[PDB]
Amino acid sequence: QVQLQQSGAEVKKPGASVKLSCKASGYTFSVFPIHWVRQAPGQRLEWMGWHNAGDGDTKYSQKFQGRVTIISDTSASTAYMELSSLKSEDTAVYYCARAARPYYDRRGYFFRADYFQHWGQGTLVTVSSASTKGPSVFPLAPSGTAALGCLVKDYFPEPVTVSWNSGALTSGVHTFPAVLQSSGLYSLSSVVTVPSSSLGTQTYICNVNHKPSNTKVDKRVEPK
Amino acid sequence: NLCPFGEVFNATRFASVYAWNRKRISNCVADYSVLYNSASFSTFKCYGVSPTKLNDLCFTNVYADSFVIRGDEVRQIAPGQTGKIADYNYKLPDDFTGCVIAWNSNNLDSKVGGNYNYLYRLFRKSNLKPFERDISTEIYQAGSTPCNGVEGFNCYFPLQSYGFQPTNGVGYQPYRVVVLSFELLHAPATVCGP
Amino acid sequence: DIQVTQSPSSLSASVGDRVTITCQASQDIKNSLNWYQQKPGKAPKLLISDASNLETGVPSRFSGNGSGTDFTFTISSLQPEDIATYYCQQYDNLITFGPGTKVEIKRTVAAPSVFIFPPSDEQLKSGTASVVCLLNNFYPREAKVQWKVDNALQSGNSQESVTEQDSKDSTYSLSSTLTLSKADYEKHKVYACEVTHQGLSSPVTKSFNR
Ligand SMILES: *[C@@H]1O[C@H](CO[C@@H]2O[C@@H](C)[C@@H](O)[C@@H](O)[C@@H]2O)[C@@H](O[C@@H]2O[C@H](CO)[C@@H](O)[C@H](O)[C@H]2NC(C)=O)[C@H](O)[C@H]1NC(C)=O
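Top to bottom, those sequences are chains H, A and L.
Quick note, the first sequence lines up with residues 1 to 52, 52A, 53 to 82, 82A to 82C, 83 to 100, 100A to 100L, 101 to 127, 134 to 214 if you use the deposited numbering.
Taking the deposited numbering, the leading residue of the second sequence gets 334, the next gets one more, and so forth.
Quick note, the third sequence lines up with residues 1 to 94, 96 to 211 if you use the deposited numbering.
All the pointers check out, no bait thrown in.
Dumping the calculated DSS-like pairs for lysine-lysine here, alpha-carbon to alpha-carbon at most 30 Å: (1) L:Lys-145 / H:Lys-214; (2) H:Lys-83 / H:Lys-23; (3) A:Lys-444 / H:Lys-209; (4) H:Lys-83 / L:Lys-42; (5) A:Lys-444 / L:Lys-126; (6) A:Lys-356 / H:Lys-209; (7) L:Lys-126 / H:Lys-201; (8) A:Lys-444 / H:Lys-214; (9) L:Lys-42 / H:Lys-62; (10) A:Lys-386 / H:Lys-201; (11) H:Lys-19 / L:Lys-42; (12) A:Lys-417 / A:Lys-458; (13) H:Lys-62 / L:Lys-30; (14) H:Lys-201 / L:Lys-39; (15) L:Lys-30 / H:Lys-58; (16) H:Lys-58 / L:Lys-39; (17) H:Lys-117 / L:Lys-183; (18) H:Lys-214 / L:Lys-183; (19) L:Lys-39 / H:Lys-19; (20) H:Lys-23 / H:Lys-13; (21) L:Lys-190 / H:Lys-214; (22) H:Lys-62 / L:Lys-39; (23) L:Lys-183 / H:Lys-206; (24) L:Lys-42 / L:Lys-107; (25) H:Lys-83 / L:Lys-103; (26) L:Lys-42 / H:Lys-58; (27) A:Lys-356 / H:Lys-206; (28) H:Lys-209 / L:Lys-188; (29) A:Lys-356 / H:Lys-214; (30) H:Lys-206 / H:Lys-13; (31) H:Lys-209 / L:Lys-190; (32) H:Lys-117 / L:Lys-42; (33) H:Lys-12 / L:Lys-42.
Ranges between beta-carbon positions, derived for each pair: (34) L:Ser-76 / A:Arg-355: 50 to 60 Å; (35) A:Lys-458 / H:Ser-186: 37 to 47 Å; (36) A:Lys-386 / L:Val-205: 53 to 63 Å; (37) H:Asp-54 / L:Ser-52: 21 to 31 Å.
Simulated from the structure, these hints should not be mistaken for lab results.
For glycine and all other residues, C-beta sits at the position ideal for the given N, C-alpha and C.
Kindly generate the complete structure, drawing on both the sequences and the hints.
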């Protein structure tokens, strides 16, 4: 099976550089062009460049030429992209995608086949002057159907995973998208709707995991 | 990845003895250090294994049993013991391998009028077998005449409520108990310490 | 440089409706245009390649047409699993992606269930108070959330976050967070959340006293 495995998320300060990896499996990595496409949060897809390993054919976009470079190691079946002179606007998810093989037609003209049939899972690159910080978890307590939740406040960088009751409680849970505050730190809310009869009976614990900071917090949301 | 011990120890209230709660712990990594380093426990006795050697050990399944008894009944949560709790409510096996953990809960399970929500089985025709639970509400025949499903003279409801009051003595105060049982079977061990 | 536009920018249609979105290139890009689908939180997926060719594993309700500068993408019967943003992409010369078209499911109007949460004692010890208002399972997405502190409208201290359309009931949920200092929190009493939504016969206010 074709699989494009990308490197883990990266956090960088403005001006620094980042090197991302895209390991290919399940196909002849040498003969297929691999494109690099990025996507700012909530923004459109943006093509950056392509590179074919066996050919050495390389083409960058005008916006990233001079600060970008795409190489490959055919032995490791891995394509590398390196973006330099990073700025806050480079904060995005960077995908590697495999295109079809280019061809010649009846008259001898070279045609590319740059439709992306296989994508990697993407690598998040956060560029910010903020330093890595773990979240503080505060209970959102209830007073028919009741609502309770947790406040994941003042953490950096994204993301955070929030589960309820060690993974058991999943129905009625709404983990909201994070928002970037002016302090440069993220804040997030996770809520769940439960029956008011169960407000007593069941114990409700939210489990917050911030892998960037190796911070795991288990907070119980009890009615005050 | 991390075993859900906090769901058991730090729950808002515990079960009654007769309907003791059991949590099946599986496919996770357990750090018993959060338990054997705390000074919050009035009773921490382990049988067949030391708590210190638990963090480098592996078991197939681990069970966490929960209930609330009164203080002078905590000694009954031990192998080969007798009493209303051991005989009619919660019995440990004689070859029991695990830990008995208890702490006072007068601040949580006692009310000014009295917390009558915690119950225990007062009458039973036979003694419980190890790790057996009876949530029945059948009328008990304490005499010759049959009850036939209705309460009456020498025909009693089997369960009785602890009257947990904050002004009670320590032996009559509520105590929260967690019994960890460690099961090692001819199967892949799935609950492992660090 | 080749420019690629998409119309409409956003779209709402009921289940089973025929949906057609367009894509326009600034130059003749022949048939070298592909269509991608990106569900929320996932990577893009190729559905139509070279204007008309459906890719393997993609349902037959998806189609594509166009040549030269004008191209079209059609969903014959909109399904709830088709909530996503759809991009077109040319490759006649280099690669240029489109701005994208957000496709949503038009559902019956559903009013929100509103909840307000006071600041926790743990956070008040930190010197900061955060009041959180929750709007649960509502459609359409547009809703006004007004923070009223002693019936005084609060501005500049609020932040909002909306979930994506749910997999089952096709609804939205909204979280608003009012962050104050402990000093500013203790100089006021009534903290309220006023919510206006099409599914409500009148604004609903959830409040608490400090
Ligand atoms: C059971 O809870 C205690 C105490 O938890 C604290 O108080 C609760 C009301 C809730 O607000 C928790 O989030 C609090 O942490 C746990 O003991 C704490 O463990 C943390 C872990 O790092 C430590 O920082 C604290 O100092 C501990 N507090 C005390 C009073 O000991 C305990 O670990 C929980 N038990 C289990 C099995 O998870």
